[PDB]
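Encoded as structure tokens, the following chain is the form deposited without this ligand, with no partner shown.
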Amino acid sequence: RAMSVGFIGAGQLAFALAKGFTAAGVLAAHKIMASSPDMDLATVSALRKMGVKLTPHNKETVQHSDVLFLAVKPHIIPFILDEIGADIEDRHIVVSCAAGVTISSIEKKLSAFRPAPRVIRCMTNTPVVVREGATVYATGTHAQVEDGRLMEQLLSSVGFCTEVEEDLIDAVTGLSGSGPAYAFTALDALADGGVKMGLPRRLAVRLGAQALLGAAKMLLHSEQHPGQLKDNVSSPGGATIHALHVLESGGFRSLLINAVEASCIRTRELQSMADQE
């Protein structure tokens, strides 16, 4: 409650969480801080207005914060854990969200400054900026169960949360992590196809969006199975099952798996590459 946070990063993710948290009525813009190594107008400059504390020094951060956020590239994360390992008290917990980067790697390199540091691996997506991001996390080794509670609660604030054994997190990042982007492609497309029927741009876009939205909810608030709800929507006649056929005839399902697999697989590499070199 007397808690105040910081992101040593910025960029999207930061602004994502930053924004969702503010709007969540949880923290308070000013009671927050992130470091601008350089300054990316969009992000950085955005925040400026939002009401968040920005410091070039991702060290002033470290202090200002009771809960720390690592929102940096997966290869940059090493060069920081050894720039602040020292400046790391025991009052705060570290939530690293860098893709694929392992607790261990963090811990075991960052502990070279503290007997038992407290860290959690996190996996989230941009839609957090509202309240529908999909978040996952795994508890470190030096992590008490009052930290996995603040985490689990701090995030449900902006979406959906759950504990997951770190290993699953590479897959997860494929689905929920990138998914927001599979979606945006989906729609931009639909909008076009919408428009390629008469519908105007603004219009097609929003209905295509609403179309999706709707589907989600139905699937979440029930089991049903995506399969069966599909059945509930296609009258033996056509118009829908017909659109399906085409999708089904261009490997639509397929090209989504390959996107998950690929997303996943890239994350595997990126980390199992930062392990040696």
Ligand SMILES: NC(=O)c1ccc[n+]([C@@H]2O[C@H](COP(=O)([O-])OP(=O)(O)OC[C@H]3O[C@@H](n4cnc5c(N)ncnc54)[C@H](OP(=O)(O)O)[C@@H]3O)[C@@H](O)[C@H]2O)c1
Contents of the next structure:
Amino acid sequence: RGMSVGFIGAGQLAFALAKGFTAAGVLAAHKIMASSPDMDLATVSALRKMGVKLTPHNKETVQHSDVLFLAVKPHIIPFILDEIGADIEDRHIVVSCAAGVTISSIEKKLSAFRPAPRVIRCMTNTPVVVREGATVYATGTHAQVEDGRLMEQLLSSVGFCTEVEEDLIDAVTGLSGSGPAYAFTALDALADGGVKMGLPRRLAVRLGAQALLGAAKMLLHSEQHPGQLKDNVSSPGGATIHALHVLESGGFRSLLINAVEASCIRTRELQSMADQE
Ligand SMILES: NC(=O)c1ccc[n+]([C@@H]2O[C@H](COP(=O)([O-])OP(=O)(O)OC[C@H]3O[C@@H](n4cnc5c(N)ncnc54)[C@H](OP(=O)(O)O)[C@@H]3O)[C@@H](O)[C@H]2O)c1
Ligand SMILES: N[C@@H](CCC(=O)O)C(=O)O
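Now that the form deposited without this ligand has been shown, please provide the structure of the form solved in complex with this ligand.
Zooming out: every chain and molecule, the one shown earlier first.
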């Protein structure tokens, strides 16, 4: 309530959260602060015209923030903790959402400033911007049960939220993390298809979106099972069972696994890459 928030990073995810946060009417635009290394017109400017405090000093951020968000590239993270760790007061919580980066790696490096640093690993996705972002997190060792709450509450406002035992976050990323992208991609395709049948762009694209959003809800709001809802919509006639057959023909599913995997495996590597060099 008297809580302030900051993003040492910036970019999309920052702006994204920034956005869904003020959106959630949970925080005040100006009650937010993020450091602008260089400033990426789009992102930064956006936030600026958004009403959030943007400073080139990812230090003032550190002070202004009752809760800290690490919104930088994974490889950047290091060059930060040891540039701000000296400013880590016992008040704020450090929420790192940089993918791949481990809690350990941070605690056990940020301890070299504060005896017991309070930190939690985070994982979300741009859709948070509206409020559908899918989030999951893990509590550090210096995790006092009142933070896992604030967190779970804070994020669970701009989306879905749930505790997760860190050793999952990597899989989780190649899913809820990247997933959106897969969608934006599938849609762009569908749209093309609708057009390849006459439908206009602005019309088709949008019909596809509305169909995805719809399928989403149904599956969530029921147990059923995807395969269930599958049969439940393909009349022995066709047009659908037929469209399926085609997708089915070209390993459509296979391609989705492949991507979850790719994304995951990649994340494994990114982190298991800065453990040394
Ligand atoms: N703060 C918010 O604004 C907020 C927060 C949450 C959700 N939503 C909103 O979310 C709505 C969609 O609610 P939702 O679909 O986002 O929440 P959600 O994705 O349904 O939360 C996630 C998963 O928990 C599943 N689940 C049930 N038993 C489980 C178990 N034993 N282990 C693990 N997972 C289990 C649910 O699916 P199943 O029911 O098929 O079991 C669900 O897919 C939208 O209508 C949007 O308005 C908004
Ligand atoms: N917290 C609720 C909100 C759902 C909604 O806003 O539709 C849930 O996750 O079900």
